[PDB]
Each structure stands twice: as C-alpha cells, then as structure tokens.
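Below are the chains, spelled out letter by letter.
Protein chains: 2
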Amino acid sequence: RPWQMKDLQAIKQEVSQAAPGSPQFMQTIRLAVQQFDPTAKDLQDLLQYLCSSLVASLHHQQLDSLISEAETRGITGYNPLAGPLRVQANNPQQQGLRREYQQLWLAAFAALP
Amino acid sequence: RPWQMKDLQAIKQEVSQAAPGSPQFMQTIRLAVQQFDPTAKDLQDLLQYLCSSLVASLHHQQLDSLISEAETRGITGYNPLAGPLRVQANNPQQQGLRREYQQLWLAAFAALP
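Residue numbers (UniProt numbering), protein chains in the order written: chain A, 40 to 152; chain B, 40 to 152.
The shape of chain A in the complex, shown without the other chains:
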C-alpha cells in the first residue's frame, strides 16, 4: 500500500510555504513516514519531489553521518555481511532496519536549520 500521486501532491502543497525542518514540515513528514511505512527507495523519491538538489545533498550528508554512527555502534537487526543499511531497509523482512532508517531520515532532515 505505497502512497499514490495524490498523497504526495497533498504533502507537498500543505507545506509549500514552510521551510525544511520547520515544526510544521516535521509534523507532516513524520506523519507521512509513520503512516505509509515506506522503504529507503520511496523516501528518496519523496525527498527528490520535495526539496531541491542542494537540500537533497545536505540531507544526504547528514544522514550518512547519522547512519554511520548508528550502525558503527552496532544495531540489533543489522548484519554488516549482507549489504548497506540502504539495501537491508529495502527488504520487506527487515522491518527493524526500515524503522531505524525512517527515524535517521527524519532526524537528519530536521537537523538542517
């Protein structure tokens, strides 16, 4: 049950005025992420739709650092012999990795301003 075009259009329109990482944007994006239960691929699509290449790159770097610390510590469900967290989160049998990816994503995007 992935999102459709209308959901993305509403998500972008409702937060057109606000700035990335504002409380309003964080509310709406967090609700979307917690409601649709998407993988990393869909999150990348959503970010490309919402913010430009500059904000995309900044979030990419911040999320790289956050994932770096998180999975360098060691995580309950992460096994580094199978692939990067971006790929484990895309397997529907690793929901723990998917939820960790979602939370790192939202925190990274909130850490912009």
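Watch out, some of these pointers could steer you wrong.
Pairs count within a copy or across copies, as identical chains cannot be separated in the list.
[What the hints assert, rightly or not] Computed cross-link-like contacts, SDA-like style, restricted to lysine to any residue with a CA-CA straight-line distance of at most 25 Å:
no., residue 1, residue 2
1, 45, 92
2, 51, 108
3, 51, 72
4, 51, 81
5, 51, 117
6, 45, 88
7, 51, 62
8, 51, 115
9, 51, 119
10, 80, 131
Note that these hints are calculated values from the structure, not bench results.
Start from chain A and add chain B according to the hints.
Just chain B, lined up with the frame of chain A:
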C-alpha cells in the same frame, strides 16, 4: 477503517484557525474520534500531527492524571494483569477500554485552559 492521509489533512486544515480547548477544536476532534473509533495509536498520531510538542505534553500530563484517577476508581473492563489501558486499548477486542480512553482523551484536551 483507520484514517488515511486525506482525513487527517482535512482535520488539521479546519483545526488550524482555532486553538485547543475552543469549541471548534473540540467539536472536530470529538466528531473524528466518534466516527473512526481510533485506538490509542491513532489518537497519539493525530495529536502529534495537530499541535505543537508543548500542547501534546500538556495533554499527556492531563491524560495520565485522568487515567490514574479512573484506574484507582475502577473501570468496567480494565484488567491490569495484562497491561495498562494505554496498551489495553490497542487490542481490537476491548471496545470498552478503547472508548473509555477516547473519552478521557477528549476530556483532557478540553481541560487544557
């Protein structure tokens, strides 16, 4: 029939002008809750969506007070040998607990000011 994006986006759209505790806010919240019959999970999602973190924290303080009072006094179908009302309202076969939690939710929201 848990609410999708469109329902919650509307709810926030018409709960934007008014402030918590005002007649309009409570009217809309009560209608939504009485219609969709949401558990504690969906209620917490809706609250995080609507108002700032400060208002959510205030509401949860009031809700903890109400729930503690009710559990001391006694609930019709509350059996504490399995988990708190908080967790007993997530089981779909406990309609009484769910409706009681919804009513305490609405009361705690109405008593913020």
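Here is how each hint holds up against the structure:
| no. | hint | result |
| --- | --- | --- |
| 1 | 45 <-> 92 | within (22 Å within a copy, 28 Å between copies) |
| 2 | 51 <-> 108 | neither (30 Å within a copy, 36 Å between copies) |
| 3 | 51 <-> 72 | both (14 Å within a copy, 17 Å between copies) |
| 4 | 51 <-> 81 | both (14 Å within a copy, 22 Å between copies) |
| 5 | 51 <-> 117 | neither (32 Å within a copy, 37 Å between copies) |
| 6 | 45 <-> 88 | both (13 Å within a copy, 19 Å between copies) |
| 7 | 51 <-> 62 | both (15 Å within a copy, 14 Å between copies) |
| 8 | 51 <-> 115 | neither (33 Å within a copy, 37 Å between copies) |
| 9 | 51 <-> 119 | neither (35 Å within a copy, 42 Å between copies) |
| 10 | 80 <-> 131 | both (12 Å within a copy, 22 Å between copies) |
The structure does not agree with the numbered hints 2, 5, 8 and 9 stated previously, though it agrees with the rest.
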